[PDB]
Amino acid sequence: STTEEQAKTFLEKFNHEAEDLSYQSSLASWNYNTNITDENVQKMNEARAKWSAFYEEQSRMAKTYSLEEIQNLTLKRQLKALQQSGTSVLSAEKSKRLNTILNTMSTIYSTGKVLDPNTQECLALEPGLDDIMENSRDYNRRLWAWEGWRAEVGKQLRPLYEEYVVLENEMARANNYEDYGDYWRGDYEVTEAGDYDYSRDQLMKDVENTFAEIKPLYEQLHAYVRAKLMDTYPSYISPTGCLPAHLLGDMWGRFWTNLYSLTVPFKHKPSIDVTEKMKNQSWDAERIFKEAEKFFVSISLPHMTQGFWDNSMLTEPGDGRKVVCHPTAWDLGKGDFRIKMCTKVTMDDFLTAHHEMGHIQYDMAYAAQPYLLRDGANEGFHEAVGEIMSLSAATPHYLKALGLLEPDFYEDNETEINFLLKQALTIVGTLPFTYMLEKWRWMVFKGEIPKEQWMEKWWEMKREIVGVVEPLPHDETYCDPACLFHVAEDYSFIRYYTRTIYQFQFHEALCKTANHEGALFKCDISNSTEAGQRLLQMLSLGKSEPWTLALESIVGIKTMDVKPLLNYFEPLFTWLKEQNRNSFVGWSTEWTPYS
Amino acid sequence: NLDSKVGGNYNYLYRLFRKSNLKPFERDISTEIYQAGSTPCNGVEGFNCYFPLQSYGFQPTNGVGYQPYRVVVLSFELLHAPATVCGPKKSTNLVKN
Ligand SMILES: *[C@@H]1O[C@H](CO)[C@@H](O[C@@H]2O[C@H](CO)[C@@H](O)[C@H](O)[C@H]2NC(C)=O)[C@H](O)[C@H]1NC(C)=O
Ligand SMILES: *[C@@H]1O[C@H](CO)[C@@H](O)[C@H](O)[C@H]1NC(C)=O
Ligand SMILES: *[C@@H]1O[C@H](CO)[C@@H](O)[C@H](O)[C@H]1NC(C)=O
Ligand SMILES: *[C@@H]1O[C@H](CO)[C@@H](O)[C@H](O)[C@H]1NC(C)=O
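Protein chains in written order, with the authors' numbering: chain E, 20 to 614; chain A, 440 to 536.
Extracted from the complex, chain E is given alone in its bound form:
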């Protein structure tokens, strides 16, 4: 008999077999240090080994099943997930040296151990690396920390990672794959499929078009941001001077929310609060979380289970019973879902509950599918849906639905705090980084030409595209491309290309269905009872359908588009033009970083 029926027949068993061990893998993600440890870490570490070991036996016999001669992708998508070749192409001798590279930076790079004279300021996360910048602006950190951090990192991390770059890509050329990067987009690129022979053809020209209109507006924005930064330290922060990447609130300075504090436009202006209940009322977050669910199911989001309600907290007991601040989707399955996050009394964690507990509702939205198919259309779709409503949490328009304060309270039009601009700093500040970080790793894994140009070309476009000029040029002793938290640990950065755009595409659609164009940032998502009667079909489809068909119901497009970002900055830009007239747009090109 043909293996076609046998292959599906094992899939019935395989679905049940996968579910049992997956529960064990996600049994505990915080039970490590909260109390004493009778046995905590090795409990699920072995379970993942058992699940991986059982997976290997399942995957190995799945190859005998007929992967080819399957003209329809309705069920072959479940076959391909298990029948992936994976790491099994390598030999035993090849596989032994791979783990040697993985543990190289696991210790020296994870914690910063660089000597400082008298220990004025050590280069480590302790004590309070990020918070010490918001109160102290010491000059020594601004120059000495640049040299010292990578001195103890690049000595050994540069040559060891060469083996994975070249030698581990021999099998990719065997399977026509360009690199591991093409392996990361295995689900995006589907060939030999009827009517769904879809590839990433836009990867030839996606890079150029989206950044054409960004640069003219990006140059204008940095002038206004740097304008308020002159009075902090004019000796180094000057219109001629440029701020290196380590001087933007982190050792790498990718997120620029730390820059808000020094750019306060009006210190004498009286300030109102989003909640305005710091009194004997004693506002409880769980009550508002219950009050926020109605908006979440206003767009037909399936109700998250009683596990969170049965077990949660409002005030920390301050005992061994504690939950560490780990934001992670609980893919427990079997009908079990529990939300246990840092439900403290903080305003910051209030806003993100839309991504903390409200984003979780997507897990069981496609629970009808098996465990393998219980996912979104792609990686970007899953992440971007949770960010649609997060930006309107601090809106006073959101408070009107709450009803805690006066429902008839006046809505001020003094929206001129840099808080509005601060939201753009994280979104647009890291856009040029993700823009050219992946381009460096695309051809470099191929290794078609030598490594005589890997370093100097790495430092070519970054000195003018983002306006960051390093005070000290880096050498082979500095593995700057391998000095990131993700390149060294082999994390797929290709998600950022799609996750960023689709969030505004998802968000603009909701504002389109809410008859609110123009002020995208002021999207009136409250009382959005008018959106649940159409978007309910998209939750059910899950991975059973291509993302191309699902995208028509919100924007009616087949590609990635940048229209929502244009109208985001227009209300801010009108007030931004008048205060930037003294300072020239942009920065000096190829200036001397030393001065």
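In case anyone wonders, no lab produced these hints; they're calculated from the structure.
Note that CB positions come from ideal geometry on N, CA and C, so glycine has one too.
Honestly, I wouldn't trust all of these hints.
Claimed, not checked - Here are the computed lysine-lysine pairs in the DSSO-like style, where the Cα-Cα straight-line distance is at most 30 Å: (1) E:99 - E:353; (2) A:444 - E:62; (3) E:541 - E:286; (4) A:458 - E:353; (5) E:458 - E:582; (6) E:82 - E:69; (7) A:462 - E:27; (8) E:531 - E:441; (9) E:99 - A:458; (10) E:115 - E:99; (11) E:174 - E:470; (12) E:531 - E:582; (13) E:32 - A:462; (14) A:444 - E:359; (15) A:458 - E:27; (16) E:341 - E:359; (17) E:441 - E:313; (18) E:32 - A:444; (19) E:353 - A:444; (20) E:313 - E:541; (21) E:247 - E:441; (22) A:444 - E:69; (23) E:309 - E:419; (24) E:95 - A:458; (25) A:458 - E:32; (26) A:458 - E:82; (27) E:419 - E:298; (28) E:298 - E:309; (29) E:341 - A:444; (30) E:541 - E:363; (31) E:115 - E:465.
What the hints assert, rightly or not - Example chain E residues on the side facing chain A (calculated, C-beta under 10 Å, incomplete): (32) 20; (33) 80; (34) 83; (35) 324; (36) 326; (37) 351; (38) 353; (39) 354; (40) 355.
Given the coordinates of chain E, work out where chain A with the ligands should sit on it, guided by the hints.
Relative to the frame of chain E, chain A with the ligands by itself:
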């Protein structure tokens, strides 16, 4: 409530891999290895023959669909026998004169 504990209750026996479907008012007790393929494996678990028996894992934290349920089917028949399995409970208090 009374049939769930951590680790899963495996006492109940069910199968989801049988050569043919069942019939109305029919009971199947015998179990054979699910030899889906044409190649006989001589009744040894592996390729082309899967294990027929299976068991639900009934931990208490399972969802409502996974929650075990006890269902009773009350079948009624009339094979033209004088047998009766009912009886009235209506009797008003008697009065006199
Ligand atoms: C959202 O819309 C609802 C009606 O669809 C309104 O809220 C109700 O308003 C009436 C008064 O007109 C009150 O009696 C109800 O108690 C309100 N219900 C709720 C759930 O608030 C109002 O237009 C909006 N509600 C807001 C902004 O809270
Ligand atoms: C403290 O108590 C439990 C009891 O088993 C322990 O296993 C775990 O580490 C801690 N529980 C939580 C919820 O932190
Ligand atoms: C086509 O779809 C059916 C639907 O169940 C699936 O079973 C089958 O594996 C798919 N591929 C074929 C028939 O090649
Ligand atoms: C703020 O100004 C806008 C016009 O830009 C106006 O529509 C709104 O009513 C004003 N809000 C006030 C005065 O509270």
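So, going through the hints one by one against the coordinates:
no. : hint          : in the structure
1   : E:99 - E:353  : holds (23 Å)
2   : A:444 - E:62  : holds (19 Å)
3   : E:541 - E:286 : holds (24 Å)
4   : A:458 - E:353 : holds (28 Å)
5   : E:458 - E:582 : holds (24 Å)
6   : E:82 - E:69   : holds (20 Å)
7   : A:462 - E:27  : holds (25 Å)
8   : E:531 - E:441 : holds (24 Å)
9   : E:99 - A:458  : holds (27 Å)
10  : E:115 - E:99  : holds (26 Å)
11  : E:174 - E:470 : holds (17 Å)
12  : E:531 - E:582 : holds (12 Å)
13  : E:32 - A:462  : holds (24 Å)
14  : A:444 - E:359 : holds (22 Å)
15  : A:458 - E:27  : holds (15 Å)
16  : E:341 - E:359 : holds (10 Å)
17  : E:441 - E:313 : holds (29 Å)
18  : E:32 - A:444  : holds (24 Å)
19  : E:353 - A:444 : holds (14 Å)
20  : E:313 - E:541 : holds (20 Å)
21  : E:247 - E:441 : holds (13 Å)
22  : A:444 - E:69  : holds (22 Å)
23  : E:309 - E:419 : holds (15 Å)
24  : E:95 - A:458  : holds (24 Å)
25  : A:458 - E:32  : holds (15 Å)
26  : A:458 - E:82  : holds (25 Å)
27  : E:419 - E:298 : holds (19 Å)
28  : E:298 - E:309 : holds (21 Å)
29  : E:341 - A:444 : holds (25 Å)
30  : E:541 - E:363 : holds (27 Å)
31  : E:115 - E:465 : holds (22 Å)
32  : 20            : holds (4 Å)
33  : 80            : holds (6 Å)
34  : 83            : holds (7 Å)
35  : 324           : holds (7 Å)
36  : 326           : holds (7 Å)
37  : 351           : holds (8 Å)
38  : 353           : holds (5 Å)
39  : 354           : holds (2 Å)
40  : 355           : holds (5 Å)
When each numbered hint is compared with the structure, no violation occurs for any of them.
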